[PDB]
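Q: So you can see what is in the structure, the chains are spelled out below.
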Amino acid sequence: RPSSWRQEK
Amino acid sequence: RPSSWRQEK
Amino acid sequence: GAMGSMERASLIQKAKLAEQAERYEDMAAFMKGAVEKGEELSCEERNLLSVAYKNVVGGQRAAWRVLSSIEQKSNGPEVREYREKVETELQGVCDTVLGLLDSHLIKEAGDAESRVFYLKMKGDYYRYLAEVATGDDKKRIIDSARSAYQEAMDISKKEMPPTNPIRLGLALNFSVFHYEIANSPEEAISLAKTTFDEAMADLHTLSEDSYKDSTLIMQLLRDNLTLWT
Amino acid sequence: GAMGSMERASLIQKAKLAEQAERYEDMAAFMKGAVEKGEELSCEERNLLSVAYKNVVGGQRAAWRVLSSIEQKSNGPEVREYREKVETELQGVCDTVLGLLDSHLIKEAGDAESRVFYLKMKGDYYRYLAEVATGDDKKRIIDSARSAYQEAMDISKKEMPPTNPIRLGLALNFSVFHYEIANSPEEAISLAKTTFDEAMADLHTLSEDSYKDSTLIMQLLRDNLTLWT
Ligand SMILES: *Cc1ccc(-n2ccnc2-c2ccccc2)c(OC)c1
Ligand SMILES: *Cc1ccc(-n2ccnc2-c2ccccc2)c(OC)c1
Ligand SMILES: [Ca+2]
Ligand SMILES: [Ca+2]
Ligand SMILES: [Cl-]
Ligand SMILES: [Cl-]
Ligand SMILES: [Mg+2]
Ligand SMILES: [Mg+2]
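Protein chains in written order, with the entry's author numbering: chain P, 69 to 77; chain P', 69 to 77; chain A, -4 to 70, 78 to 231; chain A', -4 to 70, 78 to 231. A prime marks a further copy of an entry chain.
It should be emphasised that the hints constitute simulated quantities derived from the structure, not laboratory data.
Check each hint, because a few of them may be wrong.
Claimed, not checked - Listed next, the stretches of chain A' that the computed footprint assigns to chain A, with coverage defined by at least 3 CB atoms under 8 Å from CB atoms of chain A: (1) 134 to 148; (2) 202 to 208.
Said to hold, decoys possible - Computed from the model, here is a short list of chain P residues facing chain A' with C-beta under 7 Å: (3) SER71; (4) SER72; (5) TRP73.
We treat Cβ as the ideally placed atom computed from N, Cα and C, and that holds for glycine.
Chain P with its partners taken away, still in its complex shape:
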């Protein structure tokens, strides 16, 4: 459910 780090879009 929560956001971990992810690459930019």
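Chains P', A and A' with the ligands: place on chain P using the hints.
A: Structure of chains P', A and A' with the ligands alone, referenced to chain P:
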């Protein structure tokens, strides 16, 4: 480029 | 048979689970094991076989086109080597599908719906092989796709109504073959148009659900005609 | 070493090609071979290692959650067996990444940017192991993730500005660990809020490009605080 058969969405 | 120890019904159940998890490599391996049980496939089971390998080869084709486009702009050996690696893996999947159809799905398919489905698959995966062919076997690969499509067309026009979704999808892909592979755009346009019109004249016979099945594929024919004309 | 015969520079080049083709399994295999050359990784090379294995394990985690949700609603053995198969494959990828960090990326990383990056990775992949753990090793797996995150936090607060993207991403993931794994939502909220505020007060020192790097990750912290409060 053209569309072959594909499953419904 | 890596799946030789699993029950046929369990392989089908796990193929449906792999589809829900979008694990199409697993799905293809399950359906390959189900086919190798030696029994004919039901309508639903044929759909699972199509879904699994179309998604697998679909990702391979998309990756191949990305790498081939990078290779064309460049012309080290790395780009060529990696495009060759993906290309070899794509050809292995196509050879696997064609092997399943030849041993022994096609020869045991007597009904029109099953036989046309398998022959359309045979044309499709020879078409995917033709997309990457460059050597001495390209013309024979192209003719192998054309021959499989043609036999499927002959049966479908004899045994199926013009609105049958398999007949429609077959004509759609054969027209794509004509345009993209055989350098016959006028044959592609003529096939797509007559397929659309003859299905349109048969829609009045269909139920609400069959109407939706047919018009969905008719829209794909319309999209190509808009792109080609 | 299946990649032992390929040049290190060729492995890096093909890893970038696999990223462009969205072939993340190939990308991880290339970067694994590059790491096993025995040399430290550059900043760009560390990014390639992260991108490859995050996408691979990301698809495995998504498939595992689909299968586990089907399994919970049901409770044949097929659903459990297939969830176990995906789970075992996910654990193998996590063990592979942790093995690369332990042999010998972490012990050779002296700079703060490299050491914090690897320790954050160690916490991340122990966190992914903890998501699926149910036996006698769950608490030790959870503490292994906590210990790796904590050492990374200690170094980052000593050697990095509050706006450093690695420090921000580390705090973001440690806060997710607190909320999702450690059953400490108040620690998760407190960490996410102090990380956001202290980065906000440091934005005035940054260039336009560094400003965009930091605010991107600050938005992820804001998204979680909105979800949690
Ligand atoms: C190539 C093709 C055409 C049509 C279908 N299709 C649409 C709706 N149902 C089907 C179908 C399902 C199972 C077996 C045959 C046809 C299609 O689906 C695989 C493929
Ligand atoms: C976990 C994490 C945080 C931040 C980044 N990142 C954002 C912009 N650049 C980076 C970066 C690139 C290479 C090495 C370290 C950080 C990130 O990217 C992998 C990961
Ligand atoms: Ca049996
Ligand atoms: Ca060398
Ligand atoms: Cl290669
Ligand atoms: Cl299984
Ligand atoms: Mg028969
Ligand atoms: Mg060093």
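Q: Could you run down the list of hints and mark each one as holding or not?
A: Results of checking the hints against the structure:
no., hint, verdict
1, 134 to 148, "violated (count 0)"
2, 202 to 208, "violated (count 0)"
3, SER71, "holds (5 Å)"
4, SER72, "holds (5 Å)"
5, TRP73, "holds (4 Å)"
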